[PDB]
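Chemist: The chain contents come next:
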Amino acid sequence: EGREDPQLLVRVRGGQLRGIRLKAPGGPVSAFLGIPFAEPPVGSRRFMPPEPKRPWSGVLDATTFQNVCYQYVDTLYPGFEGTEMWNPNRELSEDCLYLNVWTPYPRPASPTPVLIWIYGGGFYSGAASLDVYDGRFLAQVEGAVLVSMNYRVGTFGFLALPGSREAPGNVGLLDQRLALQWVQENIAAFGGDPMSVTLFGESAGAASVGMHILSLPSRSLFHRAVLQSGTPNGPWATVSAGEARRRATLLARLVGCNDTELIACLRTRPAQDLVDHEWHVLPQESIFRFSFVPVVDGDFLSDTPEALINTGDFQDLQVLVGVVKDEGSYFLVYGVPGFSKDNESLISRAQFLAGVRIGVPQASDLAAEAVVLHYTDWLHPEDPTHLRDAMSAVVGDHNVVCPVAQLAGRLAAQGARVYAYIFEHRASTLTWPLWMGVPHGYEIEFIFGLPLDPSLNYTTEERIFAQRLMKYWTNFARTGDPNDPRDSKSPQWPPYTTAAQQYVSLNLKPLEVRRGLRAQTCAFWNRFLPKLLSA
Amino acid sequence: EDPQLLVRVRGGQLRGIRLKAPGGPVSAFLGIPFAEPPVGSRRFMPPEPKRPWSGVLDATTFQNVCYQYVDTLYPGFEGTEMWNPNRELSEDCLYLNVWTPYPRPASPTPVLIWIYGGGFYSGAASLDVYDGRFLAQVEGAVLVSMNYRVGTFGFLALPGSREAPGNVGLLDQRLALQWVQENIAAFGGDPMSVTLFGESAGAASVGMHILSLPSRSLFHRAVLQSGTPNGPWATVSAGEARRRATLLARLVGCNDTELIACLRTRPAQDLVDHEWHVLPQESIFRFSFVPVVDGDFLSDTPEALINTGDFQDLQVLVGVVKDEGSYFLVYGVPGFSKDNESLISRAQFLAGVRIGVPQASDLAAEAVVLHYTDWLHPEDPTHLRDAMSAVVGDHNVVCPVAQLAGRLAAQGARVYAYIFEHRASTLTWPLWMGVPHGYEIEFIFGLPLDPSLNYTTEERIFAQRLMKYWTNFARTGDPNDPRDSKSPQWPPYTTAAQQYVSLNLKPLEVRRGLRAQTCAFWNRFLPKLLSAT
Ligand SMILES: CCN(CC)CCNS(=O)(=O)Cc1ccc(Cl)cc1
Ligand SMILES: CCN(CC)CCNS(=O)(=O)Cc1ccc(Cl)cc1
Ligand SMILES: *[C@@H]1O[C@H](CO)[C@@H](O)[C@H](O)[C@H]1NC(C)=O
Ligand SMILES: *[C@@H]1O[C@H](CO)[C@@H](O)[C@H](O)[C@H]1NC(C)=O
Ligand SMILES: *[C@@H]1O[C@H](CO)[C@@H](O)[C@H](O)[C@H]1NC(C)=O
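Going line by line, the protein sequences match chains A and B.
Using the authors' numbering, the letters of the first sequence correspond one by one to residues 1 to 257, 265 to 542.
Using the authors' numbering, the letters of the second sequence correspond one by one to residues 4 to 257, 265 to 543.
In case anyone wonders, no lab produced these hints; they're calculated from the structure.
Quick reminder that beta carbons are idealized off the backbone N, C-alpha and C, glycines included.
Treat the hints with care, since some could be wrong.
Selected chain A positions facing chain B (in silico; Cβ < 7 Å) [unchecked claim]:
#1 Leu380
#2 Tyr382
#3 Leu386
#4 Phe535
#5 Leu536
Computed far set for chain B versus chain A, every beta-carbon distance over 10 Å [to be verified]:
#6 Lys23
#7 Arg219
#8 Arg253
#9 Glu285
#10 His287
#11 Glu292
#12 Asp349
#13 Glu376
#14 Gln474
#15 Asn482
Turn these sequences into a full structure, and let the hints guide you.
Modeler: Here it is, written out as structure tokens:
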């Protein structure tokens, strides 16, 4: 010590940390980046549950983000900001179980509500070190404590041979849980209140927030939750034991390999060799489907999410759920022929047809037909513009919008307090074409408050708007209610009830209350197709 | 002896009667026989042309109404009784009526032939709603309406038999059509300008005269009001017709020849008493004795026939009313009455869906309930009531109409589509029924012009507009008065634009898509569902 900033030195259960004084446009913030919460899950620890980090000697430097968990990298659009912004911005390693903490400068006097971020990226990608997950603005402007872990993704996080000792699966969710316990024990040394922990995540992250709600051991580690454009219930967020087993055995073949002697060979494999064959175990040509995701194992998940969300009691739970306007436009350029970010993606009815078999890969021709019939505009059934807008709406409604409404309805029926939003504002900074509208994950840069960075060239309204959202999110984190108690003049935001089904619009304009979250089109997806597909 | 009231036709001489319409006199020739009485051994048999008569025949009254079931539901209620027979029931039905202006036209005048409805089980040309005097007096029209055998007597079939070949009720129409070809000039009618127009079962009949080649020499234009040849209720198969006939015989106490034989030895009411008991499921908007795919009158199913036809010189006028389903709910669906408000449960809604669509499997019924439920208020008994009515109207009329209007246009026909959205100020049914099946008719025929009917002064003007549309269509195959402007114009229905107009007190409003989404569900999806399973 001696000559160092005395306000950036903190001790946690593993040892001492030297953090860093970061600059935010309105003032300084404290950051602790690269704090290990687990033993490096490498060698014989690959595919295994995480063990707590062995305490270190001396002071650990916590000024830089640590390694990103081994994952697939986007090669579709090289150097294109709209894709690279999600790409790994640190070195790739199986040694990746580190978490980051943001705090005001100096650190808070009173115990301060905690915000824990879980990134998305369909369980195959993501990192807490990305610019869009920068907790410096929430900590500066809202005075919040913000933690964000790294969890194992893809093969390393979710490959399972259910019932085995050497690959029980779901271990990426275990990484997340260990970080939640870490917060319970250590967050006080930063001014964090471990009795006011709010989870929030997006896509796969939102999904896992859901899974912590549905998993008992995790239910002690938080008090409120936010699910942004993702759910534990649905088509992509889970697989069966048999199906997970199938994808694991198949992968072993593709790379050269009794579950023991099988996994033993897998551990002798280079990490890239597993990444390079990951997409090959999908049973159908699909989009919005990911190879290695949470498995229903009768442990972390006692039953299916749908089962659990139907039976379970959520009397004293507060949830904030919501979706963006165009949840599906993003995925179309990654699989559906006719689609690209460089043209207007005007498609034929024949291409709309093929796309439905891709967006809904688990559909018999009859169910597929039903989808085509529902989404067709029989006044203009050949209009390329409408077909395009409907292709994205299929993918959007099927994977996010309807599972969310399904979830927002069950929770709200079984005791939970539920607030719901639609995010409708297209960033002026968006690098995607206009036809994609408000794509998947583009509310994130507004929750974290990036428009506050003057170098980013946003607008004054986008600034205020970003400010307003951070209020909603933080107010919800401490109160369980996004509404400000002082300000009663401005519009209110009612809970989503089964009765009225109210939700709010999130745009540059004041709150607008709307009833019914794609009510008709979702009763299609949520009530009918499961019955149809039963035969 | 008024020489205007004296006509000579191929069978002899007729004396009409000079009738009083509020704007002038008309000539009426009522009770003219076009066929030998289909009695005794002529039951279930094709009609024969009427043998000539001596002296001057008295054509001043409506003849008897073809023998049929008579409604017992609401005795004395003028909304049910207005469809009930106003003459005496007899198997001596085969007579027709003719209205012309007075004096008769000096020039060959286009003919309108009304084919009544009533589910192929009832109906008569003598009803006051079918009073063809106003169209003749005001538009200068030659108007014809025939009787045709209904129910068992017109449609009981034992396919392949010589003595119960089926579709005879349709052949009665065909004969009255040939009659007009032969004798209409005598009254002043242009037999080269003949327009068929009918409602419900009659619109279906009209549709089959389009689909049957021998009939195609008998007219040039058609109008289908709230009914189609295609659909769930308008035809049966040979197997099913044979089934119902064989069953009815069992019910009344009766080889083909030896079965139709014993049937002829039965009083009419003994057949009517068991008419409904042959329906396979508890249904509504389903009729026991209707036209049948015989391979003769109907070479194939109407669907298979409309899918392959060439209508490159046909001109059609099709349409529906607002609430094509309200009428049929009080006749079976629990919870429904015209005396309360029929706010219903949800189990009640599912119960009715099973009855309105008795053809549906468990899954297809579910599909119906899911589609029609308003998930914002999925237990609102007011919406559930309105939806039960909509399931029935769309399944049985609206979507079939849309299906047909599309195929005709696609295959060369010139089709005009409407929807009747006005509810009469004199309507005696409850409000929740809105504009029920058959309530465009009072207005097409011009009943408002009868001052005793207490219609409003705007309903009077509205009727005159429709009469103009219908007659203009008959004269030209185009509903548009070639003297107007701006309104705008009633445009042809196309497979592309799917344009149609609405008929109410306000001027013409052009709309696009006739339940386009809801019908794709009916026309395209539900078959494939059951077609699979
Ligand atoms: C959570 C953030 N997302 C949404 C923008 C970032 C991108 N990744 S994604 O999983 O959403 C879509 C995807 C899928 C398969 C392939 Cl090969 C590539 C991309
Ligand atoms: C001119 C055609 N209609 C339209 C109102 C007159 C009578 N109505 S109807 O016969 O069509 C319907 C019906 C069905 C079954 C029974 Cl038991 C009673 C009525
Ligand atoms: C858009 O891009 C894709 C990929 O190149 C291509 O398949 C499609 O033909 C393009 N559409 C247009 C309108 O050029
Ligand atoms: C906005 O500021 C200027 C505009 O020319 C530019 O140099 C800078 O790169 C822009 N910022 C971004 C990243 O859009
Ligand atoms: C409507 O009438 C039916 C038949 O009488 C009856 O069962 C029902 O109670 C009535 N519905 C009401 C009162 O809303």
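Chemist: Tell me if the interface restraint on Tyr382 (chain A) is satisfied: Cβ within less than 7 Å of some Cβ in chain B.
Modeler: 10 Å, violated
Chemist: Mind verifying the non-interface call on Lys23 (chain B)? Its CB should be farther than 10 Å from each CB in chain A.
Modeler: 50 Å, holds
Chemist: Looking at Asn482 (chain B) again, its CB stays over 10 Å from all of chain A?
Modeler: Fine: 28 Å to the nearest Cβ keeps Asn482 (chain B) off the interface.
Chemist: Hey, is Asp349 (chain B) genuinely clear of chain A, shortest beta carbon separation above 10 Å?
Modeler: For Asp349 (chain B), whose nearest Cβ neighbour in chain A is about 32 Å away, the distance exceeds 10 Å, so it holds.
Chemist: Please check whether the beta-carbon of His287 (chain B) is more than 10 Å away from every beta-carbon in chain A.
Modeler: 34 Å, holds
Chemist: Verify that the Cβ of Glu292 (chain B) lies farther than 10 Å from every Cβ atom of chain A, and report whether the claim holds or is violated.
Modeler: 25 Å, holds
Chemist: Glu285 (chain B) clear of chain A by more than 10 Å, beta carbon to beta carbon?
Modeler: 37 Å, holds
Chemist: Using Cβ atoms and 10 Å as the threshold, tell me whether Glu376 (chain B) really stays out of contact range of chain A.
Modeler: 6 Å, violated
Chemist: Please verify that the nearest CB of chain A lies beyond 10 Å from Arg253 (chain B)'s CB.
Modeler: 37 Å, holds
Chemist: With 7 Å as the cut and Cβ atoms as the points, is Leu380 (chain A) at the interface with chain B?
Modeler: 5 Å, holds
Chemist: Quick check for students: does the CB of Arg219 (chain B) sit more than 10 Å from each CB in chain A?
Modeler: Holds, because the least Cβ-Cβ distance between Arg219 (chain B) and chain A comes to about 31 Å, which exceeds 10 Å.
Chemist: Taking the closest pair, is the beta carbon of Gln474 (chain B) still more than 10 Å from chain A?
Modeler: 33 Å, holds
The structure shown violates the earlier hints numbered 2, 5 and 13.
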